[PDB]
Amino acid sequence: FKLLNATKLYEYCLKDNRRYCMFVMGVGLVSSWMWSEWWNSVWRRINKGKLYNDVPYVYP
Amino acid sequence: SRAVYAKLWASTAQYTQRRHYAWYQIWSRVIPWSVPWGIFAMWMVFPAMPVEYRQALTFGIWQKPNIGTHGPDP
Ligand SMILES: CCCCCCCCCCCCCCCCCC(=O)OC[C@H](COP(=O)([O-])OCC(O)COP(=O)([O-])OC[C@@H](COC(=O)CCCCCCCCCCCCCCCCC)OC(=O)CCCCCCCCCCCCCCCCC)OC(=O)CCCCCCCCCCCCCCCCC
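Chains as they are written, first to last, in the entry's author numbering: chain I, 65 to 124; chain j, 2 to 75.
Please note: incorrect hints may appear among the correct ones.
Sample of chain I residues with no beta-carbon within 10 Å of chain j, all distances over it, derived [unchecked claim]:
id, residue
1, 66
2, 67
3, 69
4, 70
5, 73
6, 75
7, 76
8, 78
9, 95
10, 99
11, 116
12, 124
With a straight-line Cα cutoff of 35 Å, these simulated DSBU-like cross-link-like pairs (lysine-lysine) come out [claimed, not checked]:
id, chain 1, residue 1, chain 2, residue 2
13, I, 114, j, 8
14, I, 112, j, 65
15, I, 79, I, 66
Bear in mind the hints are in silico, worked out from the structure with no lab data behind them.
Note that the Cβ used here is the ideal one computed from N, Cα and C, for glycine as well.
From just these sequences and the hints, can you work out the full model?
Right under this line is the structure:
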């Protein structure tokens with residue numbers, strides 16, 4: 065609790081509701097994008113060798 | 002005295018100007034709400050814009066998703 069209180073996130077971003085809502089919309093926009101990118105990397109690693117881009121097709 | 006009565010009458014002569022000062026005070030408290038509503042609007046119309054424009058508003062951060070399909074043809 066001491067570390068969190070030393071960042072002053074409350075004084076600058078959460079004490080005022082107008083700024084609180086700026087924090088919600090902004091953080092949500094960036095977090096949602098990083099969440100999708102990370103899950104796509106996990107998906108590609110677990111499924112290495114089975115996805116279309118991993119096995120080039122050779123013509124006869 | 003008539004002089005005193007005159008100054009009391011005039012105390013409220015600038016009604017219209019004081020209402021304008023009220024306009025400023027209230028609009029200064031309200032106008033910041035345009036930022037939350039503005040972020041959500043751009044957030045909603047972002048995927049309907051061309052790929053070239055999506056990479057400009059983000060300074061090259063955003064890129065197409067890599068899900069493992071639709072790769073180059075040999
Ligand atoms: C102590 C407690 C601690 C607890 C633990 C920790 C807690 C936290 C952990 C959190 C972990 C994460 C959790 C998961 C979250 C994410 C997942 C998630 O939720 O996803 C959603 C999830 C899936 O997500 P998804 O859609 O796959 O995600 C895809 C991505 O979004 C992909 O999106 P996209 O690709 O389409 O678009 C992305 C794009 C989007 O980009 C955009 O849209 C805009 C980009 C251009 C921005 C241009 C900005 C220009 C100005 C810049 C100014 C700079 C100033 C600099 C100043 C410097 C000063 C020094 O973004 C980018 O490209 C990245 C941005 C890079 C640029 C940097 C700038 C960013 C913007 C900054 C704004 C300003 C901020 C500051 C503001 C304040 C100061 C001014 O969806 C669901 O689960 C849906 C379920 C169903 C829901 C049903 C709901 C109800 C239905 C019924 C409705 C009817 C009843 C009513 C009900 C009402 C209920 C309320």
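Hints and how they fare:
1. 66: 31 Å, holds
2. 67: Given that every Cβ of chain j is farther than 10 Å from that of residue 67 (chain I), nearest at about 28 Å, it holds.
3. 69: 25 Å, holds
4. 70: Residue 70 (chain I) is indeed farther than 10 Å from all Cβ atoms of chain j, at 27 Å.
5. 73: 18 Å, holds
6. 75: The claim holds: residue 75 (chain I) sits with its nearest Cβ about 17 Å from chain j, beyond 10 Å.
7. 76: Residue 76 (chain I) clear of chain j: closest Cβ-Cβ about 14 Å, beyond 10 Å.
8. 78: 14 Å, holds
9. 95: Residue 95 (chain I) is indeed farther than 10 Å from all Cβ atoms of chain j, at 12 Å.
10. 99: Its Cβ never comes within 10 Å of chain j, the nearest being 12 Å, so this holds.
11. 116: Nearest chain j Cβ is 5 Å from residue 116 (chain I), so the label is violated.
12. 124: 13 Å, holds
13. I:114 <-> j:8: 91 Å, violated
14. I:112 <-> j:65: 20 Å, holds
15. I:79 <-> I:66: Given pair residue 79 (chain I), residue 66 (chain I) holds - Cα atoms ~18 Å apart, limit 35 Å.
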